[PDB]
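Undergrad: Listed below, chain by chain, are the residues.
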Amino acid sequence: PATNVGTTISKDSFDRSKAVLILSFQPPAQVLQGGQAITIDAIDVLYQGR
Amino acid sequence: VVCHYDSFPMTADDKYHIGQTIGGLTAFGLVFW
Amino acid sequence: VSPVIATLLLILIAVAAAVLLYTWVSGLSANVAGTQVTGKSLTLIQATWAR
Amino acid sequence: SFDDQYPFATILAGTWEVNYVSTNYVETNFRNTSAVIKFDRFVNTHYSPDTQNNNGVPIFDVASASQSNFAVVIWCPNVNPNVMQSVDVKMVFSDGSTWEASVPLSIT
Amino acid sequence: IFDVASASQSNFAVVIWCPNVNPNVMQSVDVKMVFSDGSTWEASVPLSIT
Amino acid sequence: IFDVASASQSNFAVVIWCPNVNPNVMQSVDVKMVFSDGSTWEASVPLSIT
Amino acid sequence: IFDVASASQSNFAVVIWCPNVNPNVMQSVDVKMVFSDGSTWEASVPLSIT
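Listed in order, the protein sequences are those of chains A, B, C, D, E, F and G.
The first sequence maps to residues 1 to 50 in my numbering.
The second sequence maps to residues 51 to 83 in my numbering.
The third sequence maps to residues 84 to 134 in my numbering.
The fourth sequence maps to residues 135 to 242 in my numbering.
The fifth sequence maps to residues 243 to 292 in my numbering.
The sixth sequence maps to residues 293 to 342 in my numbering.
The seventh sequence maps to residues 343 to 392 in my numbering.
These are calculated hints, taken from the structure and not from any lab test.
One or more of the hints may lead you astray.
Computed list of chain D residues with no C-beta within reach of chain B, every gap over 12 Å [claimed, not checked]: (1) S156; (2) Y159; (3) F227; (4) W233.
With a cut-off of at most 25 Å between alpha-carbon atoms, the simulated DSS-like pairs for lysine-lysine come out as follows [as the list claims (entries may be wrong)]: (5) C:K123 with E:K274; (6) A:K18 with D:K172; (7) D:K172 with D:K224.
Heads up, the beta-carbon is just placed ideally off N, CA and C, and yes, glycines get one too.
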């Protein structure tokens, strides 16, 4: 990620030792009785089971 | 992943959708020579 | 003669609700779509590329 | 626009692409996927609000998605790639069921 | 533009155009297909001239 | 303005307008009807966009 | 025009005409029947070409 933003961005405007997680999911349309819309109340990040 | 495609442009060899008007524009497919 | 009339109306009510349960249950069943199982992977006749 | 004091997660319709200019340098493009996004609820609060201009981001308790592809963006300042081999993510549904996925962090 | 494409009995081809792929620096690429039911299939394509 | 409203065979709708109801903060609302004989009936209406 | 329609033993069809339904944008539709006694029944109809 970049925490230092000016009116123009250099390559050094991006930070080191920082990370942003990205995930891509594809629902399957035809599942049993499966619902059209998927809802999420809570998202969590775990490491070592904690 | 270099690139991702979730949908596709209509193909020329499609009799069903070839002679129809969709979204105000007639339908044309893709051709390779 | 209160008990005699009361009991009669109660019998009719329970019968009507039971029959309604049946229609609803059976309609609920045979109402599951499911899926198809895609065939075995397609054999690769060729893989190539051009400009 | 990123602050370590304000971690957050959210749903966006798209996918991530990586392009290699050289052996150790890359270019990155984020693309739309034509999927639906809606928000279930609002809980009082705001994100990076501007009092002078009435600018702000409403916060809702539930997020929903539809047919086709969609991404999840997660920002936790506590995660360090140099000491962590991998992390894990867990989602809790409205109905109470749960789902989990695995993400490697190691450079390669 | 339609979200789903279908095929039938007999042969068929797939035409893919990604401007980011460069034959001079890439030895090979790979393709992945995601089915309507959610299952997946993958194939291997060499790019090297020969 | 009349104190009692009546209906007959076939379909009919009810139109309700209360300025106090806010969709952005209320997940759902409920409606209650009181009959002339004193019995009551209730129905459930989701408000959430979707 | 009559408010109620009835059927007997053996097969029978239902013909429905709603100008608002568009096959090009709708994957599937659903039909619901309301009985004289108040119970209900529903069926599922795919619209997709194939």
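Undergrad: Taking the hints in turn, state whether each one holds.
TA: Against the structure, the hints:
1. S156: At about 16 Å from chain B, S156 of chain D clears the 12 Å cut-off, so the statement holds.
2. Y159: Since the minimum Cβ distance to chain B is about 16 Å, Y159 of chain D lies beyond 12 Å and the statement holds.
3. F227: About 24 Å separates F227 of chain D from the closest Cβ of chain B, which puts it past 12 Å; holds.
4. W233: holds (21 Å)
5. C:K123 with E:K274: Distance ~15 Å between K123 of chain C and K274 of chain E Cα, so the pair holds.
6. A:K18 with D:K172: violated (29 Å)
7. D:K172 with D:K224: holds (20 Å)
Of the numbered hints stated above, the single one contradicted by the structure is hint 6.
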